[PDB]
Each structure stands twice: as C-alpha cells, then as structure tokens.
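First comes one chain, alone, set out as structure tokens in the form solved without this ligand.
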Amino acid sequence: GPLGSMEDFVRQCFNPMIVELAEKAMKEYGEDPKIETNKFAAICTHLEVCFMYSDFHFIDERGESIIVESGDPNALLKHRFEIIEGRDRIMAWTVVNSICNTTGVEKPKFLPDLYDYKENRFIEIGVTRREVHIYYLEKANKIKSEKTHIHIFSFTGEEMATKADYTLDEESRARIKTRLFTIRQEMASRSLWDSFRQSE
C-alpha cells in the first residue's frame, strides 16, 4: 500500500480537542509535532485513553460508583475522576494541590494522569507498543515512592495494573482496548504501524 503521513492520520482520526492538547503538550516540552510524529500520535493516543478511562463514571447521589452513557447525566452526579493530563503545568499542579488538601491524599512527586475519587488515589496511565510488564516496571521505578496506582494498556489487549487491581469494569477497559485496536489497524492500513511500534 501507499505510505500515508502520520500527521494526516492524527488529524483525521483524533478529535480536534485531543490533537490541540497534544500539540500544546509537545510545544510546552520543546518537541515539534511535525518531527517527532510517532510521539505526537502516542501523546494523542494516551490523552484519548485518559479521557475514555474517565468517560461515563460518576459517583451517585448516594456516593457510590455508577456508569451512565447518556449525553445528559443527572446534575447531582459527581465525576468519579479528575483529569490531570492535558493541562499545562501550572493548572495541573493547581488541581493536584487542590485534591491533596481536600482529600488529604499524599502529594505526588510527578504529575499523574488522573485522580480517582472512589478509590482515593492518583493514577498513572500508560499505553505501550511493547510488553506491558516492561513498561510497567519502568513506570514503577520512575515514580519512586508509591501511593499512585499504575494501569498499563498495550495495543494488543494486554493490561497490567498495580496489585492486580484494575479499577474499572471489563466493559470500560474493553472500550479502550477496542479503540487501541482500531488505531493500530488504521495505522497499519496506511503503512504507519511497524515504525510507530518500533519507535517507543
């Protein structure tokens, strides 16, 4: 087949808010989305996963955890997750600080991806083109000390999470894995996949 551009794939296959947030994140760290293109696509993917992880999950009027797929939820419902990723550094730490003072949870040394109000913990999400156990160990060894929960997804459907605790129901994680499969398949049809996989 013909080789497509990863730029084209990213703008066609991710929603514009994700793409924009990804561009902003790369600029913030001095990376150009038009050169580190595989990285661009990885950052978009990771962002989307963070959003999909939190999608639909609320804490009900009584304070337990429920799933609603409407577009208009009950306005007394609280979002189960805070989303830290996608925010610029100042706002990300502002949110982390607010969570920590309120819930009294310990302050992390690096910005995590999410906060889970049900489980009362920060979450580090990862999406890897390699084996989940290796990526898992890399992440665990970076965070130094841990209350932060780690949840790793791969493009082939494997997961690994701290203490074999996967946080979400199978259906939610299936949505995410289905999306990752679709990303991989679409990259493959544009002949972008083998390279994307090898660049991590």
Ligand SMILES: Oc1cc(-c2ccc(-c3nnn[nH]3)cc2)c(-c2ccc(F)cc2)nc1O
Second form
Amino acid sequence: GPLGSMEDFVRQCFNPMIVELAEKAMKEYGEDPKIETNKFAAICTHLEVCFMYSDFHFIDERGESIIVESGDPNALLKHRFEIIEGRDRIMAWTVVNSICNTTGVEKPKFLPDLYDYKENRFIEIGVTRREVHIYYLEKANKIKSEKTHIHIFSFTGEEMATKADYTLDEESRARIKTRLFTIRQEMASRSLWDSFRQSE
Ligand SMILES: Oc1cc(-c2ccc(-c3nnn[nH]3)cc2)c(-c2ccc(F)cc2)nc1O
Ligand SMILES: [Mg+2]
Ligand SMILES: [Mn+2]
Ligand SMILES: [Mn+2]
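Compare with the form solved without this ligand: the form deposited with this ligand bound:
Complete assembly follows, chain above in first position.
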C-alpha cells in the first residue's frame, strides 16, 4: 500500500481536543508535532487513554463508585478521577497542590496522570509498544518511593499494574484495549505501524 503521513492519521483518528492539547504540550517542551510525528501520535494515544480511564466514572450521592454512560445523569455526582495530564506545567502543579492540601496525601515528585478520589491516590498511566513488564519497571524505578499507582497498557492487550490492583472494572479496561487495538490496526493499513513501533 501507499505510505500515509502520521500527521494525517493523528488529526483524522483523534478528536481535535486531544490533538490540540498534544500540540501545546510538545510546543511547551519545545518540539514540533510536524517533525516528531511518532512522538506526536504517542502523546495523543496516552492522552486519550487518560481520558477514557476517567470516562463514565463518578462517586455517587452515597459516596461509592458508579458508572453512568450518559451526560444527562445527575449534576450532584462528582467525577471519580481528576485528570492531571493535558495541563500545562503551572496548572498541573496547581491541581496537584490543591489535591495534596485537601486530602493530605503526600506530594509526588513528578507530575502524575490522574488522581483517584475513591482510592485516594495518584495514578501513573503508561502506554507501550514494548513488553509491559519492562516498561513498568522503567516507570517504577523513576517514581522511587511509591504511593503513586502505576497502570500499564500495551497495544496487544497486556496490562500490568501495581500490586495487581487494576482499579477499574473489566469492561472499562476492555474499552481502552479495543481502542488501542483499533489504533494499531489502522496504522498498519496506512503502513505507519512498523515505523511507529520501532521508534519508542
Ligand atoms: O507516561 C507518559 C508518557 C509520555 C510520553 C513520553 C515519551 C513519548 C515519546 N517519545 N518518543 N516517542 N514517544 C511519548 C509520550 C508523556 C508526555 C506527554 C506529553 C508530552 F509533551 C511529553 C511527554 N506523559 C506520560 O505520563
Ligand atoms: Mg506531561
Ligand atoms: Mn503524564
Ligand atoms: Mn503516563
């Protein structure tokens, strides 16, 4: 088949909000989404996973954890997760500081991806083109001491998470894996996959 551009793929297969947040992040770190395209695509994927991870997850009127698949449910419900990823450094740390002061949880040394109000812990999400058991150790060895929960997804369906605690129901994580599988397959059809995979 003909080789497509990764730029084209990213803008077509991710929602404009994801793309825009990704572009801003790269710029913030001084990179151009039109040159570092595999990095661009990786950042978009990781962002979407972060969003899908928090999607449809609230804490109910009684203070337990529920699932609502519409936007029409009750405005008294609080989102179970805070989303840290996607914010610029200043705002990201502002949110982390607010969380840390309210709940009294310890301040992480690096920006995490999410905060879980039910479990009362920060979460580091990862998405790897390599073996999850390996990527996990890389992430695990950076955070040093740990209250931060780590959850790794791959494009082939494997997961690994701290202490075998996977946080979410099977159905939610199946959604994420399906999306990753769909991303991988579509890249393959544009002959973008093999290059993307080797670039990590
Ligand atoms: O787990 C995370 C990973 C990334 C990240 C790091 C490296 C790449 C990459 N380099 N080369 N090819 N891909 C992609 C994603 C990030 C992250 C998000 C936005 C950025 F601007 C930079 C890193 N956050 C995270 O939380
Ligand atoms: Mg970041
Ligand atoms: Mn992050
Ligand atoms: Mn992450």
